[PDB]
Amino acid sequence: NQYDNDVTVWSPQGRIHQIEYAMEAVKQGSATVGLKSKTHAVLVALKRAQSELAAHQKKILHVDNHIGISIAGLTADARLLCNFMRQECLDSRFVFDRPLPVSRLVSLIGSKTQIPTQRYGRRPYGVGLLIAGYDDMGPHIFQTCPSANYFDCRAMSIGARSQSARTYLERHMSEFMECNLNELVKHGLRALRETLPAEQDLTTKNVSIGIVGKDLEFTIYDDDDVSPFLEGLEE
Amino acid sequence: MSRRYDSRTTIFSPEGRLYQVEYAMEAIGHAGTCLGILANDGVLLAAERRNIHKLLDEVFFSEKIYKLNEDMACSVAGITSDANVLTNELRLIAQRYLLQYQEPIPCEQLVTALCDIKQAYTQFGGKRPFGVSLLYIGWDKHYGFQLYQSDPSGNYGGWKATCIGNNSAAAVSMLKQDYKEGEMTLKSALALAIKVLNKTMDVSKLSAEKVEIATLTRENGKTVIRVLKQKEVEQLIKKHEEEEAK
Amino acid sequence: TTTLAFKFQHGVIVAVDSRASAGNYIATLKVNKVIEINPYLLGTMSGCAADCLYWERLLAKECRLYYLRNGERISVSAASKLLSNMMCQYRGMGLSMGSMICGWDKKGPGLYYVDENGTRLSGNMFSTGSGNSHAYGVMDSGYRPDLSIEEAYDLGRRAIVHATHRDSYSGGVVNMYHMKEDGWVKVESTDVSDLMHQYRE
Amino acid sequence: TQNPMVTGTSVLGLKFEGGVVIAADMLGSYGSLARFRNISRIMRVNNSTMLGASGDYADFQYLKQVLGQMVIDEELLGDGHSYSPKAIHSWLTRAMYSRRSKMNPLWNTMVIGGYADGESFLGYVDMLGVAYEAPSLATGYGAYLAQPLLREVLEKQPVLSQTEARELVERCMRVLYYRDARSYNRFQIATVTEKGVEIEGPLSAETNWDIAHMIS
Amino acid sequence: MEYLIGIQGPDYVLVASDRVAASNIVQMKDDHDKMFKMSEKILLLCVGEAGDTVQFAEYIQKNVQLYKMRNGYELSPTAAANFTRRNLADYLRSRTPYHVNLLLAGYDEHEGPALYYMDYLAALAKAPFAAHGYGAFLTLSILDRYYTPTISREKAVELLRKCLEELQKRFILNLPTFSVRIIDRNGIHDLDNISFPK
Amino acid sequence: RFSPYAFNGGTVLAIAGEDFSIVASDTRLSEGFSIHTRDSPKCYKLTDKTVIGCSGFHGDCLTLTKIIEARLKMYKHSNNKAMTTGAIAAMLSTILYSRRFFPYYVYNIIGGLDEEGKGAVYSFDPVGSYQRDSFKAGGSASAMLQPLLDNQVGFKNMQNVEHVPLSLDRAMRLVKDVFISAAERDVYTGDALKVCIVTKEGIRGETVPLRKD
Amino acid sequence: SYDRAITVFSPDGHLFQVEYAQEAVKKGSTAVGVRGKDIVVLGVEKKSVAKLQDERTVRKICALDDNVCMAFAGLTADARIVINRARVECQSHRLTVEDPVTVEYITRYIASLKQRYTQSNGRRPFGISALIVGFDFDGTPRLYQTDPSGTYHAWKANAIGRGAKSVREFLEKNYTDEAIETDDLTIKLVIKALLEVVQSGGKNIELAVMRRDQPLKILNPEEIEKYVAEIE
Amino acid sequence: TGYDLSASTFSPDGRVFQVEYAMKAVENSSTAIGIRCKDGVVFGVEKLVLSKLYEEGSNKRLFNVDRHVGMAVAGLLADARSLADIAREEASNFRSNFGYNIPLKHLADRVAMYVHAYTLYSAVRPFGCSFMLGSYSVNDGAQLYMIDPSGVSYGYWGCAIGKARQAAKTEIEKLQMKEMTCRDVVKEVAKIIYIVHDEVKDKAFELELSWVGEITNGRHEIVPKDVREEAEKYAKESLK
Amino acid sequence: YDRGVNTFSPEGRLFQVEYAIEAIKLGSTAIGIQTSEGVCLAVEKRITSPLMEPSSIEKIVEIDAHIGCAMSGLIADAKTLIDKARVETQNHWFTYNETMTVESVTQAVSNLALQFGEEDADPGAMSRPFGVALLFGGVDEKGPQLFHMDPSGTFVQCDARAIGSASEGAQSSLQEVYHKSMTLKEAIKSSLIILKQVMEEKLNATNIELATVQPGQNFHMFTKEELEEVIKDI
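Chains as they are written, first to last, in full-length UniProt numbering: chain A, 4 to 238; chain B, 1 to 246; chain C, 73 to 273; chain D, 46 to 261; chain E, 1 to 198; chain F, 29 to 241; chain G, 2 to 233; chain H, 6 to 245; chain I, 8 to 241.
Warning: the hint list may mix true and false statements.
[Stated by the list, open to error] Here are the simulated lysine-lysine pairs, PhoX-like style, with alpha carbons at most 20 Å apart:
1. H:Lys57 to A:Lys41
2. E:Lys68 to B:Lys141
3. F:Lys94 to D:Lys131
4. B:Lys176 to G:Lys48
5. A:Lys61 to I:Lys149
6. F:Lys109 to A:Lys61
7. D:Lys147 to F:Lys94
8. B:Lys176 to G:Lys189
[Said to hold, decoys possible] Some chain C residues flagged as far from chain E (calculated, every beta-carbon gap over 12 Å):
9. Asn96
10. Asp177
11. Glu222
Think of the hints as simulated: they come from the structure by calculation, not from any bench. For every residue, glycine included, the Cβ atom is placed at its ideal position computed from N, Cα and C.
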């Protein structure tokens, strides 16, 4: 019981409990998915409603023209990382005058989220992320964690009950490469419904998406622009 | 930072009274008994000495009676260690006043300047408070003679006759009965302080080594701080001892 | 750059010209020197155009913060002090601004002159700018506190008209702002050259 | 940097069909003296880009050291990304500018050549941060001498081959040897193509002095 | 340059100053009052650079008013003089030098009347009479000749009118109107403004 | 010692019509008497409706443009919308002013369409003052351009002549001809011309040939 | 330095340090006040007088400025600080705004200090409840109360410190419009208010009054005794 | 009872537990090995695939600290990416200060000191990352240095870090690697790993290898396609 | 007490933030409502004694001319945000020369919600999260807008909200009576009808306060003379 309260205290098993508890913060929030073809990379985030009267949180944030993120975790805590990511992408266009490589941008997050896990008296950022981007090496989908360990992934799902959405992405993995703009998005939309119970369906209000690709900059479709993709998909 | 090792010295109690301040007053409760009496002419400080041995040198000064300024002095009841930190601060405060305003510091201004230092340590910083409660004497161009008693919490006030340290409660009850407002003189004040101590001394016979008296008078526009030598102190005792029978 | 203000029975009148030039070449023509701050507060422009324009916007910002916090609708006297205190911490760094703050507070038709170095002066009559000297002559020509409204504007026109005529760095159109208890109101914006051949008959 | 110790000299470059060639003297010059007569003023940056500079040489080895770490640190990740000569150019433009705004500038003038994605990049920066891109470049007095020699060809023949390029570079280096005081005969011709940066050895110019008899 | 003056009588301190506020070749404000009241019986007179006078002398007026509220009694004219010095002195070597010229005039229940001179280098001097500005050269000579420690306030104002009317003859700047105030056991008292309707 | 600023020349001309705003500049980048390159567009694009010119030291024109385009994204990410033409002016007024002690040497002329759909030109100074006007100029040829516009655009100094709002068809030939007149008599202007026309439909860039000498 | 959270939340949402700070006020020296027409009166009871004390240095009714006075009930060591911090703001206000200080303006600044010291790292909440009184421009009396938490209100009549509950029980009944018509009955209302906290005593009662532009005036034990002589 | 709560406390027996606990973070990490030969140094790593969703090559455990220095980590990969980035700062500070290739013996010191500075205080936690550093030089030869959470550096002919050690450290002793050539070592490295790797808890992995030595002219590289395929097939043929 | 301010509970939520929301339940009921024609704001004053002056208690503050506000929970902590929100609105008007939208105001105050922390901080950092929940009503080019803020730093757009002592009792009856296009005057009545029942003391002109804002009219608070006619129509 004494090993729990501090970040810098190990255990007899070599497990840091606070970093484990910070992983629970990701499971406490809405599920998000994303995947990439040979060209496009699309994030699909489920905007959760506090009530039917109140509106929905924004789970997708712009970073740079070619880069976008889907935040799952503490909402105001993700705006600390998003503000860091926007400054790194501006400093890349201000200095090198080139779009920042996505594999570099995720490495800077691994350096920023590593420090609070190392030092006493601080907490690890409780936000998981999916960074979708496009660069000279092709589209990328990167998962991060509170533990600061970042991955390189074809498709992932984070958030509450994300394991089921991950299972769906594995079966269709072979088809993800040749999908066009429309069909690619439909793969992610079919993943979200698996996370939520059948008593709730997908609507124009509670689902937001973003798309980055070869000739297309990262753009967020809010509500009315989500409907044309929602239509044509059987539930 | 390891809070586990932090004792939280600045937090309130459930009844709203700071612990480290109350425990500091019990440290002062067993320290040397000091008292003071304000008369028509002059103010005195009678300090009891709790360190006495044949091997002690008595090299410096009154030993627990200090001098803050040309016009002011102080006694000390509490931890002997922490008193040397305050005294070095009071001597800086009076000299910073004299630096700007080029006049002696009034007693009200110096006391409330130190109690701000006793607040910073009780309010914040996490460091322990001071275990030293002080008496003050002095004269200023405005309110005349002054006698002030602070505490480890920084709560001071004016007093005609007061006491501090061991058996400070039993002494004040004696002053309230004997002390007369405006009717006290330095000759009648010295005879009063001895009668008060002789009852509150844990060691009888009132040796000239234990109790030492420091008086403050103003003469020829100059404040005179004198510590009565053991010769004159014993003379006042013998004059008080003959008045008990004869 | 010519600017003037004066107060009387029915309140303050502010008059400026429009020209601001750099060197021998005139940069712009119709530039508006008078700065609006509150409904009932009115500032002016003198010296470096960007300096007084910037710092007067902070005064417009601070007057708003005062009115939101206290709700007491800041008096002209205090608003003049805020603009001076902001210019006093940058002293020595080369900020050049003149200014005047006009308005109607509970006390009366207050008028002030705030300078680059912190000079703060209330008073009845003021003028600033390079052609300021040419303004005092026509304004002191028998201006009196007993003038009516129409008689007062005729002095405001005729002051700047003769001020910019003698000064090569002053000219353009005359902007005249009357002051009342409720707030300032723009009387006119009129070309100097057209008023010259009027007064010249 | 008010009086940089050991200045360089003019640096010629001109983009030809499928490649870029950069010529620079091998002479370091301290004041009016020719002191260090063998130096490489043209640095190889990664595979596809080529740098050479003018002005203070002590500031060139500092940038040689920094850009060395920039490219080496980039190779250490192995992500497949390599700085394009436009990034090396836009990075120097900031380094030159940020040193400027602090009133502690690096006195230098640089010419970045490179060939990437079938697009030849020849580029120019400056001490003050002035930066641009041109089909032909020169620094110092090369801009007053070999620059109208390069432009006079490019106006008539905008498309130059690799053989015609070096011939025109040898002629322009020959004119600098004649008409520039701080120039020197031995120079390097470094030509970057799709095959990679290749720095030719020290060369020289055949000079015709026979007009000395005409003047007599 | 602006003009100040002061005179110390046995029971009183009679100070006067010019009301002109001038910029470039014109007089902006002719009624400008340069007499700053530090406390009840304590005045202050500050001339110098246009911005440094009001900026500095207001830092003093608040420290003096603050002292009276803290300890319940106002500063004496002696302590208020040595306080204005140390602030003006500490500025000198810092990055914000003040250029001012001060006169601290006050009355005290015990020390009695007091008048202090100060320059922009913060050198404090206690004199029976003092003056600042270019008008201080044409005046202090007259004060030398008619001043006496036993002077009466009836004579003092008459003596002050002899000095101030000679700035209208030799002294080049206009200075049409002069403010005058007197201090006694009953506090500050205004006197009829000396005015020469040119 | 070290002289931080150099004059690179350049000329900028803006005209605000009813439905249109034109921002044109030459391509010549020259320090001293030498021409570095004959294509160096001064006109830079900010938003779809906003084109900014920069005339002055070229290193500040490149730095200030990257600072503006950085705060366009800082605004677009924070406020979820593009800056209005009036907001770019007010921002760049405070950007230029934060350098007050060590100023940018540049002459910025912002032009485009406002919320009303009407041509709005904002001309600045290196210290950050700004005022709206129908037509402005900048650079070395600014003194030659302004008097020509006071006549044709302003109809000044002509008694009893009708005032017709300037038409884009007249505005195209008016911008081209003042440069044909300026590039002749000015050594810092020529070698090419780039006109960026800002209308409600979009930006249309048109290049014009000028005397090469 | 020492940066650590002292004041923190609790499973019930209560702040312990702020509630324990108010416990220090819950034993004070009882301080009361009422508002009249042109006059306003403050009062405080002192049970600590042994006749050996100097009554002048222990006065808990102070003056922040010419137009504003205040009292407090709580730990007196903390009041010196707030008061010395408030008096700095009064003069810095006259330096910023040539007008005098509004009674409300100085009450905000006293409250903004008691806030910052609640949320700051490694601090302690003040244990004083200050009662501020003054005349705003146009001559309207104003009476305010602060809280160790930083919450300031206004009051027609109020009581703080020990026994403040029983005093309000007398004030709420006997405060009417027919009252506070004359300057004496306004003072006679305060002395009657302290009768609930009277120990069979009241020679220890301290009073203060403010009327129009006149500064604060503290009544001597003789002047108060004349008001006490009239009861039945 | 409280003695193990911080790295600043000794047990009554003298052991520092918070450092011993960080070592158990390596004991649960996957196994990585390294080996020296006459020609150079060879690396190998078992990189476990936690899900098919992960791209091939993700969570790469072989870091390039410098051109001539390779690195292989076993432990928590979050702290490893911090070390690899800090080890690059030391190699770049060396390149800046002394202007040549950092000797591996010195690079395994500065890094093992930084790992050590976090076992002293109570305001930080020990690294859970154990890693080895191989390098080759013509004037030095094959060098291999292991660093552990405590900051201890030893040279090795071959070593095993992570879960399986005593099993892998016995299999390396049987073969004599001193006179062998790197091209024949690569085939033996993969042979050892597949013998060491047993599938009970985990499922699948991706074999990673590295060249540094005479073949590569001193530049540390991953094994090229054909050779990696040539080496992996031999370990499968030798499996039975 | 054994558990820093930044410690995560095993459930994945910060303690101090979990406890801060527990402090909102002790505040005063504040009911915002949004309408296409404007925003209405009502809050209970909670007068604790007859001697208290109701005019001095203002729980509805004006952040800017186009933006109102409301507060519940600790009133002391609200002043830090309100004085910060007013600066950010004027910073925007000063820099970009336009009225800051209600969206950017919340992003300004919501950034300060998680700034609390102990180590690696400045002297201006906070040891605890705010115990106040704010409701920003306002009108911009996007129309009337109403937002909600909690101590966790999450700003949420809303058509209407209820905060303070009883959120549940008010939110239950509020979602019902709020329908679409319903205008201001209808919203004010529905706001008081909900508010009158959820409080304890009876509805009076001085007992509670009311505010509103319109697209063509600046933020306005109804005086006692105007409220006496409104409470007459209850």
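Verification of the hints:
1. H:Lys57 to A:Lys41: Given that 20 Å is the threshold and the Cα spacing comes to 18 Å, the pair holds.
2. E:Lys68 to B:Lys141: 15 Å, holds
3. F:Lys94 to D:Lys131: 16 Å, holds
4. B:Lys176 to G:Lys48: At roughly 15 Å apart (the allowed maximum being 20 Å), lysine 48 (chain G) and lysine 176 (chain B) satisfy the hint.
5. A:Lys61 to I:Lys149: 18 Å, holds
6. F:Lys109 to A:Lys61: With Cα atoms ~16 Å apart, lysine 109 (chain F) and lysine 61 (chain A) stay inside 20 Å; holds.
7. D:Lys147 to F:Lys94: 19 Å, holds
8. B:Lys176 to G:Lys189: Violated: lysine 176 (chain B) and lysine 189 (chain G) sit about 32 Å apart, past 20 Å.
9. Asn96: 22 Å, holds
10. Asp177: For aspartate 177 (chain C), whose nearest Cβ neighbour in chain E is about 19 Å away, the distance exceeds 12 Å, so it holds.
11. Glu222: Nearest chain E Cβ is 28 Å from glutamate 222 (chain C), so the label holds.
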